[PDB]
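One protein chain is absent from this view; the other protein chains keep their places.
Here the chain labels run A and B in written order, and each chain numbers its own residues starting at 1.
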Amino acid sequence: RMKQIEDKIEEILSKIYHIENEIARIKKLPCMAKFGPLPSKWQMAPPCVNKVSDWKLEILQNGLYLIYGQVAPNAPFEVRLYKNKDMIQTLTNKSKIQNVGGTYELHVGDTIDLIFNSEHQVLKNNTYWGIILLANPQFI
Amino acid sequence: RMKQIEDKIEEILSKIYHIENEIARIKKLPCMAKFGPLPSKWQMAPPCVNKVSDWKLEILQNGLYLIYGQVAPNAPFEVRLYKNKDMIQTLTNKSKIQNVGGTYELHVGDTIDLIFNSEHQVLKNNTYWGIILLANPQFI
Partner (left out) sequence: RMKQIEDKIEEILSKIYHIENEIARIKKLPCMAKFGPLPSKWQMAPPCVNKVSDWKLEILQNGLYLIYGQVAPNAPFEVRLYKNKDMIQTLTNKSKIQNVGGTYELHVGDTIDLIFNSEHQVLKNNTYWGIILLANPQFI
C-alpha cells in the first residue's frame, strides 16, 4: 500500500515536469523580414518567407501580410513594387520620402520585389522595405 | 494517516487534470472575414462580424479593424467602399488592379459595403475584400 502511494507520487512528479515543459513552450510563443537600409541586407525575425535576392523575397506560407517601407529619393524617378509580375505600386516623386506597401493576401510561391529605375536615384541608406504576417486563415 | 495521504493524492490528480484542461485551452487560443472572389461568398475565420448580404458585413464588436482587398477592373468606372452611409473610398481607375481599405475604428452596429457602379465593370473572380480585427481596447 506504501508502494502504490510512492508509485503515484512518482507519476505525479513526471506529469508536473511535463506541464512545466508545456508552460515553457507557451511562454516562448510574428514572422517578419526586412531588407535594408544598406549595408544591411535581409533580416528576419517554420518561416513564412524566404529571401530570393537583394530587395526580393518569396512567400512560403499562405496568408494575410502587411508590407511596409520607405524610399528616400536622391532620368524620370521611378521605383516599383512588384507582386510576381504585377506591378503593385509605383513611386514617382523625387522630392519626398515615400511609404511603400499595403495589405495583401499572398500565397505560397508568390514573390515581392522592389525595383529601382536607377539604383543611384535612391539613397540606399534610408530606403528599406519589410513584411509582417498578420494572419493565416484557412480561406487564404 | 494513510487515508489522508491517499485523499491528498486524489486531490492532486484532480488539480493536474484541471491544469491540463487550462493548458489545452491556452494552446488553442484573429477574427477575420472575406467576401469573394466569386463563386466564393462570405468566409470567416463570439464573432466580431456578421454577414449582411453579398459584399456587405456588420460589425458586432467595437474595435480597431484593418480592411483589405482588391478590385480587378473589366459608363465611368466607379467602385465605392462605404462605412454605414459614408463613402470611405472611391475607386475610379479602369486600367490597374486597385487595393481597397485602410485601418478603421468601428463600433457595434456599423456596416461595411463595397458597391459597384456596374456589376459587369468588375472581374468578380479577381475582386474581393476582407477585414481583420487588430485590437479591442476599452477606449473604442
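Assume a residue touches a chain if its C-beta (ideal position, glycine included) is under 8 Å from a C-beta of that chain, and two chains touch if they have at least 3 such contacts.
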- Consider the whole complex, including the chain that is not shown, and state which of A:19, A:38 or A:60 touches that chain. A:19
- Please identify, in ascending order, the residues of chain A that touch the omitted chain? 2, 5-6, 9, 12-13, 16, 19-20, 23, 26-27, 30, 32, 34, 40, 43-45, 66, 68, 97, 99, 101, 130, 132
- Query: In terms of residues, what is the contact footprint of the unshown chain on chain B?
  - Reply: 1, 5, 8-9, 12, 15-16, 19, 22-23, 26, 64, 66, 86, 102-105, 134-135, 137-140
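Assume only the chains that are shown with their structure count from here on.
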- Item | Centre-of-Cα separation between chain B and chain A, whole angstrom | 21
